[PDB]
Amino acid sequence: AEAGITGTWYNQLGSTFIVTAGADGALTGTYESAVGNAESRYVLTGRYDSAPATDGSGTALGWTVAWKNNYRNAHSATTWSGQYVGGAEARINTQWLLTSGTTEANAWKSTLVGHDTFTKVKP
């Protein structure tokens, strides 16, 4: 449901995600990362699957953040693929891939993989 996702979220690393989920399955917002070559907010764009889900199943969603804004250019993009679980303590569990632009030779070391969990605070 767009509503429950829409809000301010923070993860275990201390980063901020402000997102608005549109009725058509769209997600737009700003991301603030507590770590890496990142300063201030960055635009985020993604999609979520408005599931009929009568199973107590999480909603599958994903978003990209290219790390370039008017103050910094990290030359990298992170995609998060995860599941949103609501209820009283709503969480978004994810796994992410962070690709940095590289030369052909160094492409084998371009992607980092990891996992983040977001806890919601405000709508």
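Shifts are known only where both forms have a C-alpha. If you superpose the two forms and keep the largest set of C-alpha atoms that fall within 1.5 Å, you have the rigid core. Residue numbers count along the first chain shown, from 1. First, how it differs from the form deposited in another entry.
Candidate set 26, 34, 60, 53; criterion, C-alpha shift of 2 Å or more between these two forms after rigid-core fit; matching residue, 34.
Against the superposed rigid core, the only consecutive-residue run (3 or more long) showing CA movement of at least 2 Å between these two forms spans 33 to 40.
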Contents of the next structure:
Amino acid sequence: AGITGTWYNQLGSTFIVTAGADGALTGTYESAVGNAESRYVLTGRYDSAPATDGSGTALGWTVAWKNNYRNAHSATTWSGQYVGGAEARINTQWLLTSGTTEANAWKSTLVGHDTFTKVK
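How about the form deposited in another entry, since we already have the form deposited in one PDB entry?
Shown next is a single chain and nothing more.
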């Protein structure tokens, strides 16, 4: 499957994941600094039987930005695909929703993209 392990995004945020045999993703997400106060639980799912035609392996995961140290009252989901080989990558787009009042709900959600690599 090639997904289990440590991954690094374009700015060095660190995605630590186990791809279980049942299609589960479990792990932690943290900043490039690597300090414990920046580390959060993640969970998600992946395609455990992907195509063997050069297509990527679809996956997604969520972090709610609450840990024992802080709480941003927000959650990010990453949706994307793992691409194997000598240029291995996880290519994602993400949605970060903050808890808001209804009056501020129109501006609750940020969107962006993250590309993860196996080396920093």
